[PDB]
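Could you build the full structure based on these sequences and the hints that come with them?
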Amino acid sequence: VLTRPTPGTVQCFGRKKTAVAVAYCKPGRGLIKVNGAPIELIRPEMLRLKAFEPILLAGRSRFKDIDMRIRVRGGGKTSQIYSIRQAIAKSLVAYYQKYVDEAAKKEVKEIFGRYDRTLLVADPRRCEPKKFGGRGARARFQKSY
Amino acid sequence: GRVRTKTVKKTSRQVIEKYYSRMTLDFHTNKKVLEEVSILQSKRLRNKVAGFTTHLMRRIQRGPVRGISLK
Amino acid sequence: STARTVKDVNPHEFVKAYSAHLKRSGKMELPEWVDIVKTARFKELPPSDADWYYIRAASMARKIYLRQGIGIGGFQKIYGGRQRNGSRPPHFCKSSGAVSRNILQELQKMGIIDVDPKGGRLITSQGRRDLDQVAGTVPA
Amino acid sequence: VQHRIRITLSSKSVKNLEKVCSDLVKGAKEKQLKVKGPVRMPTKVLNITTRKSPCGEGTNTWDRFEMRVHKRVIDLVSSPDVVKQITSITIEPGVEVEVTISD
Amino acid sequence: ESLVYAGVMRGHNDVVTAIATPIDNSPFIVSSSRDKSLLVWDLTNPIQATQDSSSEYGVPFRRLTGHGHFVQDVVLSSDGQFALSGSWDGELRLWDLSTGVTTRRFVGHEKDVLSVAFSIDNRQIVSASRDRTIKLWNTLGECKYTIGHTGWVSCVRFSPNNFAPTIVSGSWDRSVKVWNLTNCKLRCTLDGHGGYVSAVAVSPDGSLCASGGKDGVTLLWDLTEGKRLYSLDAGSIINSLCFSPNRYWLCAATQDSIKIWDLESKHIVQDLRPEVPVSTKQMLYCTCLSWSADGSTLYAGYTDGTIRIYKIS
Amino acid sequence: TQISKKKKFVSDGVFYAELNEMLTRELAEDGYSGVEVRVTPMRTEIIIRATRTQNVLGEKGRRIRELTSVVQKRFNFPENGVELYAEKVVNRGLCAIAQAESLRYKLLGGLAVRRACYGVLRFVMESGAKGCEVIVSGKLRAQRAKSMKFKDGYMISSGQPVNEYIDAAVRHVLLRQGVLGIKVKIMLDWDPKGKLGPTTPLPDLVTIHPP
Amino acid sequence: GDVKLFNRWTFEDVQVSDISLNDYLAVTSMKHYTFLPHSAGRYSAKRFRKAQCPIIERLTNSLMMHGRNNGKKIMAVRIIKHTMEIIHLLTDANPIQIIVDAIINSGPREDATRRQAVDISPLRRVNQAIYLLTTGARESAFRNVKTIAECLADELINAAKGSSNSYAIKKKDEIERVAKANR
RNA sequence: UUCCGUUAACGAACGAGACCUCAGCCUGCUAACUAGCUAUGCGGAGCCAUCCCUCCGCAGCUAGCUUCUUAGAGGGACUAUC
Ligand SMILES: [Mg+2]
Ligand SMILES: [Mg+2]
Ligand SMILES: [Mg+2]
Ligand SMILES: [Mg+2]
Ligand SMILES: [Mg+2]
Numbered sequence: 001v002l003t004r005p006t007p008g009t010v011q012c013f014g015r016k017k018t019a020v021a022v023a024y025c026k027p028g029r030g031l032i033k034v035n036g037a038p039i040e041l042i043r044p045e046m047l048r049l050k051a052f053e054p055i056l057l058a059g060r061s062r063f064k065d066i067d068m069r070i071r072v073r074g075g076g077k078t079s080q081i082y083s084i085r086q087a088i089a090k091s092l093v094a095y096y097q098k099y100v101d102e103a104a105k106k107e108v109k110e111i112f113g114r115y116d117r118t119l120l121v122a123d124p125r126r127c128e129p130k131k132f133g134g135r136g137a138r139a140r141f142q143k144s145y
Numbered sequence: 001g002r003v004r005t006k007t008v009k010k011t012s013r014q015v016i017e018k019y020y021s022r023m024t025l026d027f028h029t030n031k032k033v034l035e036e037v038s039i040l041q042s043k044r045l046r047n048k049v050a051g052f053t054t055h056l057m058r059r060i061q062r063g064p065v066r067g068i069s070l071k
Numbered sequence: 001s002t003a004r005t006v007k008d009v010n011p012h013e014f015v016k017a018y019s020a021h022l023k024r025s026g027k028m029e030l031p032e033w034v035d036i037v038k039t040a041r042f043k044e045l046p047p048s049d050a051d052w053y054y055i056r057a058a059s060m061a062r063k064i065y066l067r068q069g070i071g072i073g074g075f076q077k078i079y080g081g082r083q084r085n086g087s088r089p090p091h092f093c094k095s096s097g098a099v100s101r102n103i104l105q106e107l108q109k110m111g112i113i114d115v116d117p118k119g120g121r122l123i124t125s126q127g128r129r130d131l132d133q134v135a136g137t138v139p140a
Numbered sequence: 001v002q003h004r005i006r007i008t009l010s011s012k013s014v015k016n017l018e019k020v021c022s023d024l025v026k027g028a029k030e031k032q033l034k035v036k037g038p039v040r041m042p043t044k045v046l047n048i049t050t051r052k053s054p055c056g057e058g059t060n061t062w063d064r065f066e067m068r069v070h071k072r073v074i075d076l077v078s079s080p081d082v083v084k085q086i087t088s089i090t091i092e093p094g095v096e097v098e099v100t101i102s103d
Numbered sequence: 001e002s003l004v005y006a007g008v009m010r011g012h013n014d015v016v017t018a019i020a021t022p023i024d025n026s027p028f029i030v031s032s033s034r035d036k037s038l039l040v041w042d043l044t045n046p047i048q049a050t051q052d053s054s055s056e057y058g059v060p061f062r063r064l065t066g067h068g069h070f071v072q073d074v075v076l077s078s079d080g081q082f083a084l085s086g087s088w089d090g091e092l093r094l095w096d097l098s099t100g101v102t103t104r105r106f107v108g109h110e111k112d113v114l115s116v117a118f119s120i121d122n123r124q125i126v127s128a129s130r131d132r133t134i135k136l137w138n139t140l141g142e143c144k145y146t147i148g149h150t151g152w153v154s155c156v157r158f159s160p161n162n163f164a165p166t167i168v169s170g171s172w173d174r175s176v177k178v179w180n181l182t183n184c185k186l187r188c189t190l191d192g193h194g195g196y197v198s199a200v201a202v203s204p205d206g207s208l209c210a211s212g213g214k215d216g217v218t219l220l221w222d223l224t225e226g227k228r229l230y231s232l233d234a235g236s237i238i239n240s241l242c243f244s245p246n247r248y249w250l251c252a253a254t255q256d257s258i259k260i261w262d263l264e265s266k267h268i269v270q271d272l273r274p275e276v277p278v279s280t281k282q283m284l285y286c287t288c289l290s291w292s293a294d295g296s297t298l299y300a301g302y303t304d305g306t307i308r309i310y311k312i313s
Numbered sequence: 001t002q003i004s005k006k007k008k009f010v011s012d013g014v015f016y017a018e019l020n021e022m023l024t025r026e027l028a029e030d031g032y033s034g035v036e037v038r039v040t041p042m043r044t045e046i047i048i049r050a051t052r053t054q055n056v057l058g059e060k061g062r063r064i065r066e067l068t069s070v071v072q073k074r075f076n077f078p079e080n081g082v083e084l085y086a087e088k089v090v091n092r093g094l095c096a097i098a099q100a101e102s103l104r105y106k107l108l109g110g111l112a113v114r115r116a117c118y119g120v121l122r123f124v125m126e127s128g129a130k131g132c133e134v135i136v137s138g139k140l141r142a143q144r145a146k147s148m149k150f151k152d153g154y155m156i157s158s159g160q161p162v163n164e165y166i167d168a169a170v171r172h173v174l175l176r177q178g179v180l181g182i183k184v185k186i187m188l189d190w191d192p193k194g195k196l197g198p199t200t201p202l203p204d205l206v207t208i209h210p211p
Numbered sequence: 001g002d003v004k005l006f007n008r009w010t011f012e013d014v015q016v017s018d019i020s021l022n023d024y025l026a027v028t029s030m031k032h033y034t035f036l037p038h039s040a041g042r043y044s045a046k047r048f049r050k051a052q053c054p055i056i057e058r059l060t061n062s063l064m065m066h067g068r069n070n071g072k073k074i075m076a077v078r079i080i081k082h083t084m085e086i087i088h089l090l091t092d093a094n095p096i097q098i099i100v101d102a103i104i105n106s107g108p109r110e111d112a113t114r115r116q117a118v119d120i121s122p123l124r125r126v127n128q129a130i131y132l133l134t135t136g137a138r139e140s141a142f143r144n145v146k147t148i149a150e151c152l153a154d155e156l157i158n159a160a161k162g163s164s165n166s167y168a169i170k171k172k173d174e175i176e177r178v179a180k181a182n183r
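Protein chains in written order, with this note's numbering: chain A, 1 to 145; chain B, 1 to 71; chain C, 1 to 140; chain D, 1 to 103; chain E, 1 to 313; chain F, 1 to 211; chain G, 1 to 183.
By construction, these hints were calculated from the structure, which means they are not laboratory data.
Heads up, some of the hints might be wrong.
What the hints assert, rightly or not - The following residues of chain F were derived to be distant from chain B, with all beta-carbon distances above 12 Å:
1) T53
2) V70
3) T200
Claimed, not checked - Here are the simulated BS3-like cross-link-like pairs (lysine-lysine), alpha carbons at most 25 Å apart as the crow flies:
4) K36/D - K5/F
5) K8/F - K15/D
6) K31/G - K4/G
Here a beta-carbon is modelled for each residue, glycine too, at the ideal position from N, C-alpha and C.
Following this line, the structure appears as structure tokens:
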């Protein structure tokens, strides 16, 4: 009851707009890949630090015993990175909750929360439908007199 | 603007008027008994009646109200 | 180091290394229309890189490595982009099919990519080996 | 039993289609036949958008009409006899039942 | 003879609904909350209160997040590796505390489940719901006889005596009913409450049965004879009732304070009250009382999600 | 032979919309209320709801067989693959099409409009509708056209419950001076058995059980 | 020093001089330290929530102009990085301190509404500072060989010193003057 | 014309809101050979062989499962708490 369980597997997803990234975590040696390629290669490159933020904050030492395989689909080139971000963060939090004690989870979750709640909670913002009478959701056709 | 309409307010005072005894100070308990002493046609309208019922049920404890609450 | 496959290396560097590999191998025969054609009709100039043929060969070799079953129309869509229509709105356009077919046939005449019965082109074991053994030489 | 039966159900209404599907999967589970389903296909949204004005005057206002087609697939393993004995109950109007025998 | 504020633990962010304790004095506890989760507490190294404003009488060890709505009652197994948590989503889950996953879902209740109870031998399971029915189960998720009341059956405790297995039942119909498990019929309707019976409790010897709720008066009856007895009067609505394991006490979690009553003198020995500092939490009361197996520590679940421990000194 | 599931549901809808039009034009003075298509495995049974169910049947069912054969050939059914029944509209007062046609013939004859519209209102309210409304638009008396509303009872106009509680029809009278319009809106009462009206109570309606 | 802008520049040693403009530049608190000037944050739901947005991000968002550059925030972040490197090259100091000094020495403090001279609130002060800085950099870059990053670096460096060679400072001076003439 | 409050008005009704649809949440439920995941087996490549590890392909209605996809049922917010 008060003993750590045998390290196993968790699968966690993150979302931004219509992009979904799902991280499969298994006991390993600290490998992190997205769609087969290593995360240290994710693009755009100037949003690479955004996806590295959960690792840079939880520390690369907290990822030694897990291998992170992430599949991301949908969205665009920014929302996919923001989805991979949240998938990594939520996957580490869930892995520490089932196989690494609740306290350590609480600490890593507190770090993630103080940095950004988007790391753990998805932004609920979606495109607003277009209305007839304009070319956009709010924009209306130019009026003459 | 979160102003409750008459249907929510009227139902709240009628529920407290009859079933004051089986009405607690908690929204989640009040919305369960509201399903047992009433037939409301929406979850959204049932929640608004129980949230205003809880609101009134706490002002009764304060002491002044314009219902009846004979007690 | 080595033991790095294609899905371990930066694509911009892998394509540049494999184009040099292909040019060194000397098993690529270039058409007469290499310095004339455009890669697509929406293009307004021929490719500015003299080794663009080998660069495109490396690009399609890598694409066939990562995916199986790409046809000539699929590669026309892959290398197609935005067409600017003068005073009219831009739209998507497809690439040239002759270039894709000729380069893929040149890559069949090396045992790098074969053609699958299910349609398109597959990567051969020799082609997989070649791309994987070049990926290990790519500096990290 | 022996063969493989795919019953496709389509409708414009969710409740009638779902209760027909429930009847089918309940009958299948009473006769001890294994049933894979109901499997809900993505809903088809037939959309028509037209100018409400019968002429060309006024604010160009558009009404968007929708017809939603809901498709359900049930996969039993059995013989044709039990399949037509099951799909003989009162199928509600609007529900299009379709039985196809596979290998 | 008295209790002191040993410490406080915060692991739930919303009203703690139940606290189960191991029967074998294992150094953990299990607590449920309205945050839809169970929590096992590491109670091996308890940091006693230093008034230095920090520490945690216990560490949250393992969370159990399988239920879909408010978890309301959890009872531990006799072995201690298994937990049974009733939830408002209508099901009962059996959790392996070592692993942390559900081993059996108990479907059959249409409304929110309010009270669960393991038998003395962990063979039968009884649940109480808002459907006004008492359902008997097996450890294989099969529903036996489905016992009647005319309101929310709020509590159902297994009589700890074996001559005739008995399940009590307190309901929002303002009644207490004694059901014979052997025939799953009824024996005695213990009536006399002036409000919903939100809590019942049975003495360890299986003779005295406590009952409280909206009326604010705790009527202690005798199960064997089904006759009313002294009528201990609490301050406000009683949320929980529990008998001291070895000290012949009766603690009642009321909305004013936690009051312990010696049933010999029928007098109030103590009244524990949180040390909250402001009128912020205008209502911060105790919802679930829980004596440890030895009877030396009292665990109290409050409406803020905190748990306060009071050890006998 | 293979028809899409889209083309098929659009075809069933168009077939329903055309059948009802030809029945409206044919069984006009028979009190035709509506048609209920029912595609059974053996045949596509077609139920006709009318008020003069002896005028649509015809002498020894000649008219109904004529319609059954016309539908079979026109719509291209297999022979004996369509059978037109003819049932009784249960409550004519609670049907806006029946009352619209009744008010049509009550005005084609020559009766004063202000006396036939109130008669329609009377019959509807005795039938049991929670509210009824009649609109008569056209060259009623003078050359300039005006619209006379005849409302009595409780009638909702907005929201979703309208398309559950409001039974409405729109019919023309082809008079000597021009066309006269008839809008009949009948508001139904909540029927727990779902026969006289909707089974779902109005959303704003709240019932408190007495203690 | 775990969180650094672009993992290359420290936040701890940034001194926001003005006490007035302290709660409306989000640089000092550890909660406002970010790796990247890109957050996709919802800093517009409430009236005073854009004040709790990192100041480098607020500078970055003003580069997405005009319409031809609208929505192109990755290019704006690239401009910010290439500007912050030129700033470090030409000043040898922390570029975040140069940026906060420029935003401090650029926000007008008094204006003339209606023509009574009114004083500017801290939030409008920082908004005006950022708007003037990026507007001057953009107008310097337009139809010019000089890159928008170099023009932004020069404008920020001249605004940090207080020199009247920066479009923002010249314009701050005009604005406050008209509120001295029309006092 | 949403309520409160004042009051020769009180009590209602339409309209507004309620309602309906789409979107947002659910590691709970129901279920997938026209959706996937994970594992296993085999094969290919790498590393150098094999093994391991990594990236792939194929197969298994006796490989499990439903996180991701779908679509039904429900839950969920009430300004609830300060
Ligand atoms: Mg072709
Ligand atoms: Mg353009
Ligand atoms: Mg409305
Ligand atoms: Mg320039
Ligand atoms: Mg799912």
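For each hint, the structure was consulted:
1. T53: Answer for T53/F: holds, closest chain B Cβ roughly 37 Å.
2. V70: Holds: least Cβ distance 46 Å, greater than 12 Å.
3. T200: About 7 Å separates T200/F from the closest Cβ of chain B, which leaves it inside 12 Å; violated.
4. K36/D - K5/F: 22 Å, holds
5. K8/F - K15/D: With a Cα-Cα distance of about 20 Å, the restraint between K8/F and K15/D holds, given a limit of 25 Å.
6. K31/G - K4/G: 13 Å, holds
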